[PDB]
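Asks: Here are the chains, one letter per residue:
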Amino acid sequence: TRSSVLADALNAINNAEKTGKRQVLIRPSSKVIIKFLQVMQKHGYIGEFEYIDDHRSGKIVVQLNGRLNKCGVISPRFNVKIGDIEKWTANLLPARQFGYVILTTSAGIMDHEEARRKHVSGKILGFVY
Amino acid sequence: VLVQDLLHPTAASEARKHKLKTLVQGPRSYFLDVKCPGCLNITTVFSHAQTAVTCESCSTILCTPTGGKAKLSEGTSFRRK
Amino acid sequence: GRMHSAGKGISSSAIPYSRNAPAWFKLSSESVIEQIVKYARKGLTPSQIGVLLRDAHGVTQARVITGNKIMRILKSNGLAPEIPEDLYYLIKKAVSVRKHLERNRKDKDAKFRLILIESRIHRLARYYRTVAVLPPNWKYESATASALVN
Amino acid sequence: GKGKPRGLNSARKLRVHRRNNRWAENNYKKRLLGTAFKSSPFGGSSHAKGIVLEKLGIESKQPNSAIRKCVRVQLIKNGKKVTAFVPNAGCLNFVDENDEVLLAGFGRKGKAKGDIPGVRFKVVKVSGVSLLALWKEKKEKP
RNA sequence: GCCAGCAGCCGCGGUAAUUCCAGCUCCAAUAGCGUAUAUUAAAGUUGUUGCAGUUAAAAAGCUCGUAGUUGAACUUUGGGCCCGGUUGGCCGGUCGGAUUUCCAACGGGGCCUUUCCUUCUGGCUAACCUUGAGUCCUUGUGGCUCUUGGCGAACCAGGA
RNA sequence: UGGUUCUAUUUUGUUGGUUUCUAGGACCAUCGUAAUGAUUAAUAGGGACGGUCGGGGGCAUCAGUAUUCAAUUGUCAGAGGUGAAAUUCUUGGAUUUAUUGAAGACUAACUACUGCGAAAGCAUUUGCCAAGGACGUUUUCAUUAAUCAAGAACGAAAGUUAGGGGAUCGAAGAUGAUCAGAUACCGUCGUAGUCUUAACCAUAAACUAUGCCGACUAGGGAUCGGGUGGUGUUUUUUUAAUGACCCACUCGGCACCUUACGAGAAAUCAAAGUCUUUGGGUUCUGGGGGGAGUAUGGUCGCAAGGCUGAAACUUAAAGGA
Numbered sequence: 002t003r004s005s006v007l008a009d010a011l012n013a014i015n016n017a018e019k020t021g022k023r024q025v026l027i028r029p030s031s032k033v034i035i036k037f038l039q040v041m042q043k044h045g046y047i048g049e050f051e052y053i054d055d056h057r058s059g060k061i062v063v064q065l066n067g068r069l070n071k072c073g074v075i076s077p078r079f080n081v082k083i084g085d086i087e088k089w090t091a092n093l094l095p096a097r098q099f100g101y102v103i104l105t106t107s108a109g110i111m112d113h114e115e116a117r118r119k120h121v122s123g124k125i126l127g128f129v130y
Numbered sequence: 002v003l004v005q006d007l008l009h010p011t012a013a014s015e016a017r018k019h020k021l022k023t024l025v026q027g028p029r030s031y032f033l034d035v036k037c038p039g040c041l042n043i044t045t046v047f048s049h050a051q052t053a054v055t056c057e058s059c060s061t062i063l064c065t066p067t068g069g070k071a072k073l074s075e076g077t078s079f080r081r082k
Numbered sequence: 002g003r004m005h006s007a008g009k010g011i012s013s014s015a016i017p018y019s020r021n022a023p024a025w026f027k028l029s030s031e032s033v034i035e036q037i038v039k040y041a042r043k044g045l046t047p048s049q050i051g052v053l054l055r056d057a058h059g060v061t062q063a064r065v066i067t068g069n070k071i072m073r074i075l076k077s078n079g080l081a082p083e084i085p086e087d088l089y090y091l092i093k094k095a096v097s098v099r100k101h102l103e104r105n106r107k108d109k110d111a112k113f114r115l116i117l118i119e120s121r122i123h124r125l126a127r128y129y130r131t132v133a134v135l136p137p138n139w140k141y142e143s144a145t146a147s148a149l150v151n
Numbered sequence: 002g003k004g005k006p007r008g009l010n011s012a013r014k015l016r017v018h019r020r021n022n023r024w025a026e027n028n029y030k031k032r033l034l035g036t037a038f039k040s041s042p043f044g045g046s047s048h049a050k051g052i053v054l055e056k057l058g059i060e061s062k063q064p065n066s067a068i069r070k071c072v073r074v075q076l077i078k079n080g081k082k083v084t085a086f087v088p089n090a091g092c093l094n095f096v097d098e099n100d101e102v103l104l105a106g107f108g109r110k111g112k113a114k115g116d117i118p119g120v121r122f123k124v125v126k127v128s129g130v131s132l133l134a135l136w137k138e139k140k141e142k143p
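Chains as they are written, first to last, in the authors' numbering: chain BW, 2 to 130; chain Bb, 2 to 82; chain BN, 2 to 151; chain BX, 2 to 143.
Keep in mind that a hint or two might mislead.
[Unchecked claim] Derived DEER-like restraints, expressed as beta-carbon distance ranges:
#, chain 1, residue 1, chain 2, residue 2, range
1, BW, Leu26, Bb, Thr65, 48 to 54 Å
2, BN, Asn78, Bb, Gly39, 33 to 39 Å
3, BX, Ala25, BN, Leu149, 53 to 59 Å
4, Bb, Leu41, BN, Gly68, 31 to 37 Å
5, BW, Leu26, BX, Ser11, 30 to 36 Å
6, BW, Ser4, BN, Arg20, 29 to 35 Å
7, BX, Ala25, BW, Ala96, 38 to 44 Å
8, BX, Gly8, BN, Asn78, 23 to 29 Å
[As the list claims (entries may be wrong)] Some but not every residue of chain Bb turned toward chain BW, in silico, with C-beta under 10 Å:
#, residue
9, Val4
10, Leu7
11, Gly27
12, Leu73
By construction, these hints were calculated from the structure, which means they are not laboratory data. Note that the Cβ used here is the ideal one computed from N, Cα and C, for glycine as well.
The whole structure should be built from the sequences, with the hints applied where relevant.
Replies: Here is the structure:
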């Protein structure tokens, strides 16, 4: 089916952006996703993005920059311990600096560098660069 | 096209595009207040019948069901709504 | 894409957004209640009720006009039927097929299709297990359908 | 969605569908029946004692001609009957019939070396004193 | 002169053989060399690190499945004050190391910003919200002697 | 806050047993304390709904037409057949023609870089029967999903078991040809089989000789299926309406071109790319060439046979581009 949501829309967003679409439309709207973008956005990777409701599981427009390089969903959703992310960054982030791996705790549908300032960890859904 | 407002496009592009994509979905079918000539009565019929409905009781006939839209008889004002 | 063939059909209804009223319709809610409950004993099935309601009188769905969903209502009134209606057409199909298999044991297409169909049923019968709407144990039995309806 | 189950509860079906696979890979074949103990000469070894029979002559495989020097043995164990191969010179001479010889592999496993056919061993010692010496003349024989 | 013979493999030898037998001559190890066997590295030709599977040897005929194996994200972040370590500079303070102001790095305990610290009965207090007195000296948040109201986790020891 | 219920340290000598004093358990109702308490809803899933789509399946009808045969209908020499032949039919007038008939077999052209199915595989027509993909969706449930040793459906044809069918082809068998031979190629007949019901077998170059999930890289122009928009093309009927059409857009296909930034032994590859800068998830397989997918055991089958699968021995190449 559609067996999983976040995935489906994400992939189309790394298949809009590749071609230089300035944007996207994506179907099944969640909370999950709303939250996901709200992380991405804070970090300078998209803008605006103009929910639309239709009383349904609902559609979401995401205006572009042409920055996005790449935002795969991970995906069992594994478990993770604090000191373990130190394995991930370098197995899927080009650098270190930068470019956020990203995970789901309790607060928080929130990356790892903010995670230090909180000292928390659970399961790791997508990742950006 | 490298870009476009898909929010609101043309009115065009909807009329033609398929019911289930105008973004927010909405039906095409719609209802249709019928004076058989004899009576003044006014029966609320649907554009896609499936049933022919009788008019009110006069026992009259109205509108045959086909693929999609009734074919209504001769008499019938069929003002829409 | 229909669970049995190579077929990816698309076609339902594009309930319209408005939750409340048609407005252009100005008759009463009570009004259609009466009407359904009028209809039922006569010889109904909820599936059909709406069709008949739609094509003739005000309605648009029961749904807007009341705060229920046909059935719910028949069930309050006690007209639900011993069966969940969609089922009582499948089993039927059973009898109506099996019978045809037995005038012409030299027919495969039909055979298969029967099974296929035994299965629609078990799965749909497993669900109207689960959720308290078939007295537990119910199991479907090929041969017991002909004095269950006629 | 490549061919493998992936979500979370897909421990069970994995520790099986490698443990099946491993099979075929030849190596993990030797190590479970492991062959090594039943089949082959040395069984679960590296070296052994044997005592010679004839001094057989085996010509070449062919891009070659080369009439080499081999000896049948009697081991001092399964008894197989083996042949084996000699280095250096004539080397043959220094293996005077029904003498004690110390055998080892041929660094190839199983398999079968260079230009020799069904042949799979070398003569390291004799009497236990080298060959290496009883050809660079650091000892001699009883 | 394709016969003897050598040659781990490629291969020499069928009348001038840089390979055989042997002379001289040189090369390598050298009180130690060779020889055969087994194992290792060589072997990323068993492989988790590190393989190959379009045709080289290999993707099951295709799908469902109980195990096995993996499994989207989200549940205190930030900021606020402290106080101290010991690397690194700037004085060496001096007959090659002792430490202070100047001062970077960097950890780390407090505590507070709505902030569990399983928590009660004592004994425990160890710390200052204390301050009964005050002042050596750079015309003072640079320096610690003292009992009285009041700090509990610096901790004994029974429990819930 | 009762009650209820357990106790069983502690004093009215004390040792033990009623049982009253105080203190710790624990509970159902009970007035009171609370911001009283339920994560998004993954371009993950499953489902419902709506127009749909398709040569996806089965059961039944329906039509084309050829072939063969036979009748009827005519005329009158060879016809057939071939590289060239001959066997073969020829007053018992074939071969041709006319029209009707009968039977089983198949579904032309359309018909393509196109359709749908898990693959095998599926095309005359219509009616039931239930299935399904793709979209559309301010429906729903909420991590249920990925691959899968075990196990279990389907599996071209051939072939088998017993009935039906037995036109045409046509191993086997017979033949005449060719040929040094010809048990083959060429020709004419021909059981069996091809077809179907019901039951077996489970192999294939079952072929993209390319496991699936995913996620990301670089341009295009086609097409099938949807959907959206354009006072868009005709339809003309009076304007619309739809419908075909055009174009714009998209999601999902089935492919194709062009590059090579990459990869490769190369031939070539938008995947065989993101791999010594070596690691997203997991199931199968191979490790020189033969011996040999044999001998053996074990097992499924009535049998054909399948799946499982050695070793001794031999060998310096066998192979790819």
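Asks: Now tell me if each hint is right for this structure.
Replies: Hint check results:
| no. | hint | verdict |
| --- | --- | --- |
| 1 | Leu26(BW) / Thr65(Bb): 48 to 54 Å | violated (40 Å) |
| 2 | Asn78(BN) / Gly39(Bb): 33 to 39 Å | holds (37 Å) |
| 3 | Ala25(BX) / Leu149(BN): 53 to 59 Å | holds (57 Å) |
| 4 | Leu41(Bb) / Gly68(BN): 31 to 37 Å | holds (34 Å) |
| 5 | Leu26(BW) / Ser11(BX): 30 to 36 Å | holds (33 Å) |
| 6 | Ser4(BW) / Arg20(BN): 29 to 35 Å | holds (31 Å) |
| 7 | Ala25(BX) / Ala96(BW): 38 to 44 Å | holds (41 Å) |
| 8 | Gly8(BX) / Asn78(BN): 23 to 29 Å | violated (45 Å) |
| 9 | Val4 | holds (4 Å) |
| 10 | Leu7 | holds (6 Å) |
| 11 | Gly27 | holds (9 Å) |
| 12 | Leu73 | violated (32 Å) |
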